[PDB]
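> Given chain A, work out where chain B should sit, using these hints.
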Amino acid sequence: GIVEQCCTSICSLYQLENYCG
Amino acid sequence: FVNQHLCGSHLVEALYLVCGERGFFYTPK
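Taken in order, these protein sequences are the chains called A and B. Taking the entry's author numbering, the leading residue of the first sequence gets 1, the next gets one more, and so forth. Taking the entry's author numbering, the leading residue of the second sequence gets 1, the next gets one more, and so forth.
Be aware that one or more of the hints could be misleading.
Stated by the list, open to error - Computed list of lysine to any residue pairs in SDA-like fashion (alpha-carbon distance at most 25 Å, straight line):
no.	chain 1	residue 1	chain 2	residue 2
1	B	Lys29	A	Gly21
2	B	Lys29	A	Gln15
3	B	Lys29	A	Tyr14
4	B	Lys29	A	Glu17
5	B	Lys29	B	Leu17
6	B	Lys29	B	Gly8
7	B	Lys29	B	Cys19
8	B	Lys29	A	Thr8
9	B	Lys29	A	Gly1
10	B	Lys29	A	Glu4
11	B	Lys29	B	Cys7
12	B	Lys29	A	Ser12
13	B	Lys29	A	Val3
14	B	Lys29	B	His5
15	B	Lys29	A	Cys7
16	B	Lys29	B	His10
17	B	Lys29	A	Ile2
18	B	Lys29	B	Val18
19	B	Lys29	A	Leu13
20	B	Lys29	B	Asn3
21	B	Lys29	B	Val12
22	B	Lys29	A	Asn18
23	B	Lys29	B	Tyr16
24	B	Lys29	B	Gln4
25	B	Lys29	A	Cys20
26	B	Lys29	B	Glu13
27	B	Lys29	A	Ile10
28	B	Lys29	B	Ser9
29	B	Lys29	A	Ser9
30	B	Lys29	A	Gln5
31	B	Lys29	B	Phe1
32	B	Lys29	B	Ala14
33	B	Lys29	B	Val2
Claimed, not checked - If the Cβ cut is set under 7 Å, some of the chain B residues that face chain A in the computed set are:
no.	residue
34	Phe1
35	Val2
36	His5
37	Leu11
38	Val12
39	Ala14
40	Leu15
Treat the hints as calculated values from the structure; they're not laboratory data. Every residue, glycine too, gets a C-beta built ideally from N, C-alpha and C.
Chain A extracted, bound-state conformation:
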């Protein structure tokens, strides 16, 4: 999930936007 993608690995705008409403 988001922690595995953005915290324990390097985040990306692409990924963050997957979590927007």
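What follows is chain B alone, placed relative to chain A:
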């Protein structure tokens, strides 16, 4: 600011800034 390791409050802040009025869901577990 988004292309780095972002944990805890730093991740929430990035979601806030990116998503704007769309809002977001933060599910760490």
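> Please verify whether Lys29 of chain B and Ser12 of chain A have alpha carbons no more than 25 Å apart.
Satisfied, since the Cα-Cα distance of roughly 19 Å is no more than 25 Å.
> What's the verdict on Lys29 of chain B and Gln5 of chain A, does the C-alpha distance respect the 25 Å limit or exceed it?
holds, 12 Å
> With a cut-off of 25 Å on the C-alpha distance, tell me whether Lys29 of chain B and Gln4 of chain B pass.
holds, 20 Å
> Can you confirm whether the C-alpha distance between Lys29 of chain B and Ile2 of chain A stays at or below 25 Å?
holds, 9 Å
> Hey, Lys29 of chain B versus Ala14 of chain B, does the alpha-carbon distance stay inside 25 Å?
holds, 18 Å
> For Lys29 of chain B and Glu13 of chain B, compute the direct alpha-carbon distance and say whether it is at most 25 Å.
Holds: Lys29 of chain B and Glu13 of chain B sit about 18 Å apart, inside 25 Å.
> Please verify that hint: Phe1 of chain B, Cβ, nearest Cβ of chain A, below 7 Å or not.
violated, 9 Å
> Do the alpha carbons of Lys29 of chain B and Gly8 of chain B lie within 25 Å of each other, as the hint requires?
Holds. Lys29 of chain B to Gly8 of chain B sits at ~12 Å (cutoff 25 Å).
> Straight-line Cα separation of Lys29 of chain B and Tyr16 of chain B no greater than 25 Å?
holds, 19 Å
> Assess, step by step, whether the Cα of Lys29 of chain B is no farther than 25 Å from the Cα of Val3 of chain A, and give holds or violated.
holds, 8 Å
> Keeping to a limit of 25 Å between CA atoms, is the pair of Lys29 of chain B and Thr8 of chain A held or broken?
Holds, because 13 Å separates the two Cα atoms, which is no more than 25 Å.
> Given the hinted pair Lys29 of chain B and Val18 of chain B, is their alpha-carbon gap at most 25 Å?
Given pair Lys29 of chain B, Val18 of chain B holds - Cα atoms ~21 Å apart, limit 25 Å.
Against the hints set out earlier in the document, violations occur for numbers 34 and 38.
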